[PDB]
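Full structure from sequences and hints, please.
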Amino acid sequence: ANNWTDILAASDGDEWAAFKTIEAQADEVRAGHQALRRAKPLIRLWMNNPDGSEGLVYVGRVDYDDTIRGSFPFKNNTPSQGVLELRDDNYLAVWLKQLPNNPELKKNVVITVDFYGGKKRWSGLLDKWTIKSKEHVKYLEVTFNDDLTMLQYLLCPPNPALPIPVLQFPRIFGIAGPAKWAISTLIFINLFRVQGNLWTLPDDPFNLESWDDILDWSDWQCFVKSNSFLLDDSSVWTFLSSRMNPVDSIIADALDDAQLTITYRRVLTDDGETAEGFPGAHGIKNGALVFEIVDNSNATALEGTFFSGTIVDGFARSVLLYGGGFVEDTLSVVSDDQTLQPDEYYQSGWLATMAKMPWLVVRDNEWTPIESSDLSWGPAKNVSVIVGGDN
Amino acid sequence: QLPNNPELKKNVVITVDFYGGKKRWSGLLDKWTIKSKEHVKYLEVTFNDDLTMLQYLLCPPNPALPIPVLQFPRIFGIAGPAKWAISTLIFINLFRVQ
Amino acid sequence: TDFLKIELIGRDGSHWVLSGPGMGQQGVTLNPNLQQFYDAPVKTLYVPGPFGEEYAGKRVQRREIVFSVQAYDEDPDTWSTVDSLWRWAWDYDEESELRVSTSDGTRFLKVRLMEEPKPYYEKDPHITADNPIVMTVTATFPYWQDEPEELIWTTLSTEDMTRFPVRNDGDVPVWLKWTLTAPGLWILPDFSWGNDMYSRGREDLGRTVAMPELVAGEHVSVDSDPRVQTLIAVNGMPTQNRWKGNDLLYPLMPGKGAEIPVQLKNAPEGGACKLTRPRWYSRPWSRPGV
Amino acid sequence: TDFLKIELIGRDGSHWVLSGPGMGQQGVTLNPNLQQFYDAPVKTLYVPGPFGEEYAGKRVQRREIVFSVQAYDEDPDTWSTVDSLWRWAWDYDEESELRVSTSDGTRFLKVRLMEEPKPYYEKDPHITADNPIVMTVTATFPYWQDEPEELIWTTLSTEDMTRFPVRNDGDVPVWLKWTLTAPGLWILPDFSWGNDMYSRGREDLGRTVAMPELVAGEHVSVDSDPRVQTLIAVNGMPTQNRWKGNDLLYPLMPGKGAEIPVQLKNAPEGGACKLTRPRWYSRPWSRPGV
Amino acid sequence: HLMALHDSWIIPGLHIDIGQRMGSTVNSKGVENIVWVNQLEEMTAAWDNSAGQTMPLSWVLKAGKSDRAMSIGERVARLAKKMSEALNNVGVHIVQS
Amino acid sequence: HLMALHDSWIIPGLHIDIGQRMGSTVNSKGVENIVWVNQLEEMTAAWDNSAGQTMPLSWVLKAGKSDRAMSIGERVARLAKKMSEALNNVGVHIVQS
Amino acid sequence: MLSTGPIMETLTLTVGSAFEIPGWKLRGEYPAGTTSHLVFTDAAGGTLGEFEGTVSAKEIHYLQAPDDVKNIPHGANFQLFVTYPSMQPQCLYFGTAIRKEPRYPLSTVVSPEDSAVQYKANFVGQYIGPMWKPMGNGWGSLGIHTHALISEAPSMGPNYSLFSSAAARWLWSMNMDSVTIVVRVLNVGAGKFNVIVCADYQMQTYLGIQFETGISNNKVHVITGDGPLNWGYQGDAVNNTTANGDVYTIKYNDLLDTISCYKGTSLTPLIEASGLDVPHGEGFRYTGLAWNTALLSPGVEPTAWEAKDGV
Amino acid sequence: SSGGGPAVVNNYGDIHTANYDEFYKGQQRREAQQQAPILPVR
Amino acid sequence: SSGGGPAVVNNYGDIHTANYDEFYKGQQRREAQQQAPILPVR
Amino acid sequence: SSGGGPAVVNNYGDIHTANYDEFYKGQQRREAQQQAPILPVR
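Chains as they are written, first to last, in the entry's author numbering: chain B, 2 to 392; chain L, 99 to 196; chain X, 2 to 291; chain S, 2 to 291; chain H, 491 to 587; chain E, 491 to 587; chain D, 1 to 311; chain A, 1658 to 1699; chain U, 1658 to 1699; chain Z, 1658 to 1699.
Derived by calculation from the structure, the hints in this document are not laboratory data.
A portion of the hints provided could be inaccurate.
Said to hold, decoys possible - Here are the simulated DSS-like pairs of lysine-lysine, each with C-alpha atoms no more than 27 Å apart in a straight line:
| id | chain 1 | residue 1 | chain 2 | residue 2 |
| --- | --- | --- | --- | --- |
| 1 | E | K555 | E | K519 |
| 2 | S | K257 | S | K178 |
| 3 | X | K124 | S | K119 |
| 4 | U | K1682 | B | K21 |
| 5 | H | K552 | A | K1682 |
| 6 | B | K76 | B | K41 |
| 7 | X | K44 | X | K257 |
| 8 | L | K108 | L | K139 |
| 9 | X | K59 | L | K133 |
| 10 | D | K120 | D | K70 |
| 11 | B | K21 | X | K119 |
| 12 | H | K571 | L | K181 |
| 13 | S | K59 | B | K41 |
| 14 | B | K121 | B | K382 |
| 15 | L | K121 | H | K572 |
| 16 | H | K555 | L | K181 |
| 17 | S | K245 | E | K519 |
| 18 | H | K572 | L | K120 |
| 19 | L | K181 | L | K133 |
| 20 | E | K555 | E | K571 |
| 21 | B | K286 | B | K129 |
| 22 | S | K245 | D | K133 |
| 23 | B | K226 | L | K121 |
| 24 | E | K552 | E | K519 |
| 25 | B | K133 | B | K107 |
| 26 | U | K1682 | H | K519 |
| 27 | D | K219 | D | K100 |
| 28 | B | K120 | D | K133 |
| 29 | S | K178 | S | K275 |
| 30 | L | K139 | A | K1682 |
| 31 | H | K572 | B | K382 |
| 32 | L | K107 | L | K135 |
| 33 | S | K44 | X | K44 |
| 34 | D | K263 | D | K308 |
| 35 | B | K120 | B | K76 |
| 36 | E | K519 | Z | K1682 |
| 37 | D | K100 | D | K133 |
| 38 | B | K121 | B | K21 |
Encoded structure:
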């Protein structure tokens, strides 16, 4: 906290010198931001342990300059495909090509692309590779599926706590509760079942005092972190039902309706990263995936959020008001908006957007740093909905 | 300005008259899109012709009775001259939805 | 001639006089036919219309200056030294200054190597010791500029107000910068100057925007230009995150000027303000515009 | 001229002097107008921005040198011998050396035949016995090189440490190669030298990377350049497999150098470390810069 | 049959309407005399006022229908429509357990 | 694997038939020695006699099959086929009320 | 061009050479009493030099010692005035003074590696901040403890919800081998608190001063690194009872090869050690802190941290 | 004059300046116009 | 003669006269041949 | 020199050498990246 008087005294009473000092500090902060923005990504390939144990094993690193092209999308609650093109003389390309016919190797490969020193990470399993010839010049085009595709291959039986070919009662499995807790709990129950149903399920999986401390979760490849049933702050509830439906298909409607986000992170303990907040979070192995349902939009919160605004007075805070039967929700504007700023906004080095206080407005004009491709609006279509069949 | 105007309803109808109204294409606004070609911005507007209303008009088993109470029989069946029966199904559904 | 002087200040700080009084004293002169050097390139936009095409706007393009220099010396070894120094004066990553001095003052353009230089004749250059280097440089910021006008207003009062005289004497709009000390809540002007880019020309004639309340030690720089983020604090705090979608929208239009008001409130120590007004021009020399 | 000497060492080791003192002794001289021979071709990237296009980076391109030679002799039989030898001095698969010697030293370029040569005039070449050959050679590595500097450090102690003096006198970054003997645990420097390509220019100023423990007979080559894999064991063992998502990321930036520390531990029979530092330049000749 | 009326005297909507039968010929050997009679199915009015490509208001007719000559995209879309409707019907005809 | 036999000595249909196993190699580093053995799945004979572009009768083989490397259009078509057949089967297995 | 004006010209200056304008360049008819003066100013207009010409019958000669012009930079703008008797001064030439001499960039510029650094840390904001890199136990091993029960400022320590030991490396490195650390620390309970200097990138080897407090183990050790969470005691311990708000200065002198710790404002080292077998130099100038407690509660923790180059 | 230069290049059609991006976008727009109304709302 | 004119433009390939409409129609026909026999009749 | 020749042909964009098959394959690859992960496995 260098006050103006202190800076002026350090500059010996020269206002111009003091302001040049302040300008130099601002310039160095801007330069740090620009370097962070323009930093090269870190592309690393990992493999399963050949002996069949847990923990991903480091294969190698692809240089950004040594790539031919790359494309990695991050989508909201949707699986995406990452594409990486390499020259066939590249050592990781050679390794990938020899992988199908190498009997000493497991056939699954994981890519991790780190932006901003691992703050942003795109991790995914290998989908395929293709040897493509452009004018007699061969290159390897490698396609990965992002780590949200595991929810397509995770499915919820009617009774996830019992053997499947014996008795699956009732006809469908239904779980009701706070939205984040229920989605995370469905995912966790199916993860438990597919890891083996070895132990007895407590009433609330995310009540960490219910789980024994002697239990070993290191063999799990996927984990789910969530708060307990009572501690969950999800304002709205949800009912999820399944009869051998895939988990993503079960939870898509609830995620859309509650504006929730699934975040996946592959914990590379070889990089020093750790995890907490879920059972067995201390003994997890390298490259284990962790899921978390978050409320990044904060639309259903009590204080509301920003749904609109103008460039001359910023955003406008609105709160959801539910009509008769809670089927319909409208927006009521907070005329006297007095929400406090997040404590993170007062911390040095913070850059993220808090859900309760959105701040990023991207303006397009004659002098704009972005290009706006297309903005499309369309009105609602059907006034009434009919759902049913047999009761 | 229509999406952000609170004094306006969000549905718009276009009528294109050929030959002094003898031929007419009328439809509801499906969407619009601001599109840029070489920093030059225009608006493309997509309308759906008025035959799309029949997609959103549906026939319940008993159009003459409340739906969440009792819809008997299992399916609704109307037989008659082709034009009369088609027009009659459409009219009964319009009556019910009005 | 003595009416125009052209210099290059390289990435390494070297000084070369390519044209004007004292040109060639460092061994390098400027050959004729230098292009995209005077007027800032601009492309105009047109939409289809009932009477052909309708004007849609203007966009300023980056400068692609192709020019030749001539490096000369009596002996080939000294020529080689001169050629190496000229090569060291240039880079791709960092920009070197190109200063044009006339009776209208000195205006500089920051240029970097767009591609590799093309040196020498068809034979080896040691035969002649007098060889041309063709340079394709580029100016990402295409406007010629002078040193900005800077003003300072410090105060000891908890609440105070001041007026900064401001005037755009150039032919292109300029974007103002502010340096604001902390603690304190600042009200900064964002006058439209009658500009109608947002269809709020005279609606925003006296627009003022309130910066977020700065905590102790959070001295901020508020740059209105679109190249850079608006609010940056010197202590790294995210000041703009607390600035709920607000921004400075209008530049200082050419021919416009006034006493723009700056207000300071809730400043127990009493803060200081600095205003920086750039001097951007589209031409190396031009008479002042009123 | 005596200020510049151009030589070729063919794929077969033949030595030709194309220009300078002793040119034409082997029968082949160099014709004027050779292109993309001096400056390394670099293309600069530009991305849209508020004032046109913003600089986005540079990409160095491979050299495509198109030049011409003249094979001459007094009699057609010996001319045919000379022309055959000149053709034998080149290949497509393997490269030949092209050296330039000046007062700044000797720098060489590895070049290969891009396409078939275009020899002779319109009539049969045995008439004149003095015919030109148009050569289109390419440099996959576009930087002129001098002989890399090699430093050897041998120790008999179990634990030891050394300071390798390293310095980049060229105008482009260079990538270091290490040859480490086994067994032993090696710690090698990966200093950023202020390079901010990973947003850690100051964080990695004194960065050191620990290689995996090497078993007996597992001598390693640790090449930092992107073309080669970082870790290669001479016995084929997957040494990189035990190295836990870690790598050498930083080249030696131009104008930087220090005594980089190399540490050896857990070495029952000592160990040897060899550091190879390339000397890369973008021009055949240039005065030293700093 | 696909036809494009450029400056022909035919006035779509006035002379012929959607669903009304009309004959058409193709100048190919062996079928010059034959007149293919189909009820008009589609007629599109299109124009482009752009300077680069200016195309005055023109009418394009399609007489008759065929799933064989339908584009693959249109075939897939129509199939998806029918399959979605049939899926809804089957799901509503499901008997509960 | 996709191959185009331009003037190779291989005779499709005579040397190799559809469904029969053949090996193929690709000149890519790390896999020169490997021979990918797949049963032949497709072979197309195509020619074009047009004056502009002219290709003699040439054969293109596709050995082995993969759902992953299938084109998106073909994947959608096959999925539509399977979905239509399954919808027919479910509808015919419906129990009447 | 109705009115007479100056001619834009240039001047040449050389270090170690006498500045001289020959008479045969300033011609003209100069009556007796004419005075010529040359004025050098900077970008702000401040006069950085003034000289008087030797006006003759038909020539003006300028000759100044090199020390007179050694302070005139390149780019400084000059103005030559000639004043006829009983007349106002008339400017003949104006322009810029360029320097034609060997150029020394390294003299003027200072490299970032050649700059003494000084870092501070307060922990008053109740957040770790981006300048501390957790070590030993990985990300999230650090935390801030309020100590609101007593009138004390927040301190930094291990994340006691997960770990009982931790290390933190200051993100940036020093620029000298000699280093001064000033830590104001609090003794909440039993524990061990290491101040770490001359550390490598991963904190594998370092010198350190360890303050240990407990039921009967209140003392100070000199330690060497065996990892971010392991250390080896060097020499004998020195008894020291740490109190809340105690300021300790750990100074490592490179030329003395000596790490010493002073308590408070004492002029005599509380502890001192020399000749430790730890690598020093480039790549071995990182610094940091470490904590180790038996119980899951704060022990000795630093409220205020300060580091500076040199001793 | 016109016959044998740019005026006959215009007769040639899209030999000189013509880009693929807007052509592909226009084809996609035409297909979207054809198929969008018949695509189900589900 | 041939090297350096239209005879090497032919080696360049589709730089001079070639229209996008026929290429798009041919690609559509290839896709239709590939996918039509496997599309259902419903 | 640059203005009025190939250096402005580059500004023109894909008027001279530019291929149709590679552009079509690139568009198909982008569409495949967009749509492949959401296609069913059946």
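ask   = For which of the previously enumerated hints does the structure constitute a violation, in increasing order of number?
value = Going through the list in order, the structure violates hints 4, 10, 11, 14, 15, 18, 19, 23, 27, 32, 37 and 38 and respects the others.
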